[PDB]
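I have a structure I would like to understand better, so I am pasting it below and will then ask my questions one at a time.
With one protein chain held back, the other chains of the complex are shown just where they sit.
Per-chain numbering from 1; labels A, B and C assigned in written order.
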């Protein structure tokens, strides 16, 4: 008698004992007479083409795979609801926030960043925390991480950053020279790197970590007034981390530790939950903010910008088929219902394009008609047609052009976007040296105690150890810019690692 | 007031008059505020990425097209039912023939062969007549033509034949040298070419032609007893042809003559129907048959093997969305319910591989989950999993391996196929010199009268004249092998056409 | 003996006449022993799987087709050169214009707009005129039409317009009600529609029509100064059109009239050529221009902005394999070498995204690695890696991330784009009511003579007659906004055809 996950097949048989097993059929529904023996000429003769039973199964096996996610490939999924606990209709007119008590079905995916489909869960890396809201004003995808910040603040460095985080193009091995050459040349990453190599770099499962929308977003109320915001969904189960000692053992003992823990939790009625908060910044407060309010490498301090609670996230359902419901999950930051809008955040702007595009590649042009991705709580009506694997009535014989005098769907003026005024030059602005150390200086000295600062440099030194000396001296110098003792600790550890 | 086809949008709006038009939404279900004006900076400024309304629409527009069919690309569709009128249960145990009165939902596609998506309907070519039967034991695709025979009798020559009937690989033009160089090198085409260039080469729409399964098929009844058979669909609307003169006029006046003719018919309640007949040959009679009974270039003469009535095919429903319902239609001759099986027809054996193969490319690995391709009157249960665009529960948490101790689907031993034993060396047997002339001589002398043979040579000479003299003399000689006068009539016209 | 098009294979054999025929192989290069006969057990036995010769040919045949172009599917191709004849280096620093006499290889594709792969060439429609310049600064794609203007001025209407021009989503028929309903609700189409329905709507082949960039572009010289421009590449063969009477005859007599004609021309040494002009507008003149200089439904009058000659485009080579060379051609308006840039033209803005997107769908992620699409006169080096069907060294073992301390490719600061200043509310500005008639009024009264206007109304009336009366009366008033006699001439024709 084992954990509920391993008893998956066992329960399925029990859940069906009263029923008789179905007739085994071909993909076309034709009953198979025998599926253990190939159609051959004589007992030791060759196989026939006429064996259409064989081909139909064999061919589908051959196409079982789809391209994995280009980032965050290793993933865990769950389902539940979002429930409003406070009224913030003064900030957002989004129906998902309409009144206290309102529930919205959600879909959540947890993931790592660099690891592939088969990688270990208990490794040092950021963690994905994507949430899909099935609202009546369409689907809302809040694709956030377990950190309030990221390593870079311009989307043009994202493909580069990821490459450096993955495998060498010739050797196909993880190479720390790629890792630290990038990080040391781009000191803006100092903030997020400090987070990653801290205790929270290896969370104890998916239920013991916080989530952040990271990006500054725009909220718009009914009168047409707008504010900026941050999304924080903090763990109700409490922050708990794994030791570098306990994370490494698990890496071979249970590669899918996070997958198994989440599944076991929900299956056993122990439902994990998060409390959704926001921070709010007025357009006025945005212009006087000491840093760039849309810099993804920046946080909003809690003292100046307190958390305003909105609701609860509860995961109370395990997926039924992992592939069909979790691996085919597609999240689009461009999915924003009326009342929630993007800020001019350089990184967020890039994500508005990238995600729908990649889903059309990874899953298909009509990925939005896949059940788990469908906005099934909205009525989709538009002038979009066809595409590979078209799955519904394709909107019937409805007029497919707009405008028309034949009463096909109409635009909704209520859903017009907030109008902002901008001015300046149209060119590429250098953002590389906005203040990269001040908030990092704050994190190191004020948030961490002396013991965590000690482990922080150790985790850093242990990985920086593999880079060339010129990359090392560059990294240490970048760290010294945060705090001299911080920089001197890492290199002090390095002088011991270099024998 | 006009024909029903053109009034489609008019009728669509009338059908909705009580309702108010829907809110125009994105694929993610988010209402759009305006879909007539782009998000720009100032009235004459640049476009913004944060405008996801444009991208989501445009990106979908970009992927509207899927590969057209490699052959029979130009198509017309309709739906209806198959109804059993006579008892043929002594020959087949197939549920589709179970008792008199039995109805099966069907799907029919009509097509030409060589023309691409935009070509004219009224051209000389064979015609497709594919019928999809939605039976309880899965789908039955009886994929037939308007001819009992074909141009070739070996599956390895099919790509070649097709290439020769389509466009020249350099000029992208129809090439008479490609067409007849082939035909003259493969005299077996003499039978079907004679059919093609007769009156029935250009049918007056799809409602005035017969359809044939062409292939000899196998029928197996409840006792496991087997016979060979042919399928015949004779028009209840009567054979009716176009003169080449009026077919040519319609080619520019109405490129979609056959498509609209069908649509207008059904919409005005005038439902087209065909009468299903069979011919039956016992294992005893097959071996004493003068020719190869599985030779696709051979008919079974009515004198020896008369038609046995089975039922009626009735088309009484038009497609609602052509693309979702007719362009994504997939017929697999390999889709055969218990009671219907393949003969050793070299060509039919080849078709068992090709169609499922091409559909996985054209539509996708999971093309059978598309509504019109789905066997919705049967329960698909098997150990096939995953694949791109997985659309249902993916059969849940059911055990995905076979055999298993967990009550996942089981084979059904009753649905085993009839067992025949075969022998001779396993080798590549030459089929080039089976009787190519006897049945053709028969067709020329017995079935055609003096005026139709006269037009037959005129229709042939009119096309062969564009081929080189060495090809003409080669083709004519093949026609001379059929009948001296047949060869001599063609050469008489060619000498005038050659100036 | 026949035209060069018909003798393609004939010449192919003679051009090879000295050599022995090559060994017929599988895709894996294995020689075939027999490709006319299937491997079976006994002369009348079932086909074997062990026949991998059959499978390999058939499997490839099954995948011969790729998704056709969403628009401009019916096409003719040629290759040649662009030669600079005049000096415009004071306007553009682009290498393609560097000195007089300089030649650059080009590729040209001709197309209609609405017709599918099999549709007729000689129909009333705009004509595609895409030119790809293989410059040292990368490829330059000038994707223009045979008209200086278009039907719409916002990219959000393009999917709408196209749908209206193609087949009904239910009946799959061309629908005059769809066609004019769009046009009548959108009077901005009045300009281009006026072009389309008089003589130049049906050009006599591809060599007797002009080409236009239509869009306003930006030119930037060595001093960093910018101007706006229009591209006109006018035919050296002279404008020549087909009458409605016989253009219709060719639709059925020779569906590929332009396809054959273009091929025949080059092969017989008559190389077609076009003379490239530009028009130039300063930023200052853009500010005083009476209309929106980026309204695609507007021309720059020759009086105000005279043509400046640049060079010749000459097509002097026929393609060798149509598919590999013309069907796989991908033109990207986003392909612009340093010195040539986009204006804030809304329609042009949309094309920057749309074209690269669909090409990744239609052809593939690595579509730029296809020979005709490859920038073979430039050195492609970047941090792009992998993707489906990667065909080269994949840039070797070079570092794939940027920045790096390992001497991977570097930015070229000179190649930065022009800096413009923009400001205004970020909002969707209504352009629906920009002047729709003035330039149209000018075209009607000043450019056309009395019979061309008479023929113009006939062609419109001949097409509009099939639409509903409310659509007719709506359209006529739109035409009346151009000129009272114009609307009334059309209306005089409609009242008798409506019996």
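What we mean here is this: a residue touches a chain if its C-beta (ideal position, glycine included) is under 8 Å from a C-beta of that chain, and two chains touch if they have at least 3 such contacts.
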Touching residue (missing chain; options A:155, A:196 or A:278): A:155
Contact partner of the left-out chain, one of A:308, A:426, A:445 or A:448: A:426
Contact with the hidden chain (one of C:321, C:430 or C:442): C:321
Which residue of C:120, C:190, C:196 or C:426 touches the chain not shown here: C:426
Option from C:85, C:282, C:382 or C:438 whose C-beta touches the chain left out: C:382
Touch residues of subunit B, complete complex, unshown partner: 41, 46-50, 157, 159-161, 163-164, 168-170, 178, 181-182, 185-186, 357, 360-361, 365, 383-385, 394-406, 416, 419-428, 470-471, 474
Hidden partner interface residues of subunit C, rising order: 8-10, 12-13, 16-17, 19, 21-36, 39, 41, 46, 49-50, 52, 55-57, 59-61, 63-66, 137-139, 141, 320-321, 323-325, 327-328, 332, 334-338, 342, 349-350, 352-353, 356-357, 360, 363-371, 375, 377-382, 384-399, 402-404, 406-417, 422, 426
On subunit A, residues whose C-beta touches the chain left out of the figure: 2, 5-6, 8-10, 33-48, 50, 53-55, 57-70, 73-74, 76, 115-120, 154-159, 162, 167-178, 181, 248-249, 251-253, 255-256, 259-260, 263, 292, 294, 318-323, 326, 344, 346, 349-350, 353-354, 357-358, 361-362, 422-432, 466, 468
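To be clear about the criterion, only the chains that are shown with their structure count from here on.
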Most centrally placed chain - per-chain CA mean versus overall CA mean: C
Subunit B and subunit C: spacing of chain centres that average the CA atoms, whole Å: 34
Length of the line joining the C-alpha centres of subunit A and subunit C, rounded to whole Å: 40
Rounded Å distance between subunit A and subunit B, as computed from the means of their C-alpha atoms: 46
Shared interface positions of subunit A, touching two or more other chains: 41, 46, 49-50, 357, 360, 365, 383-385, 394-399, 402-404, 406, 416-417, 422, 426
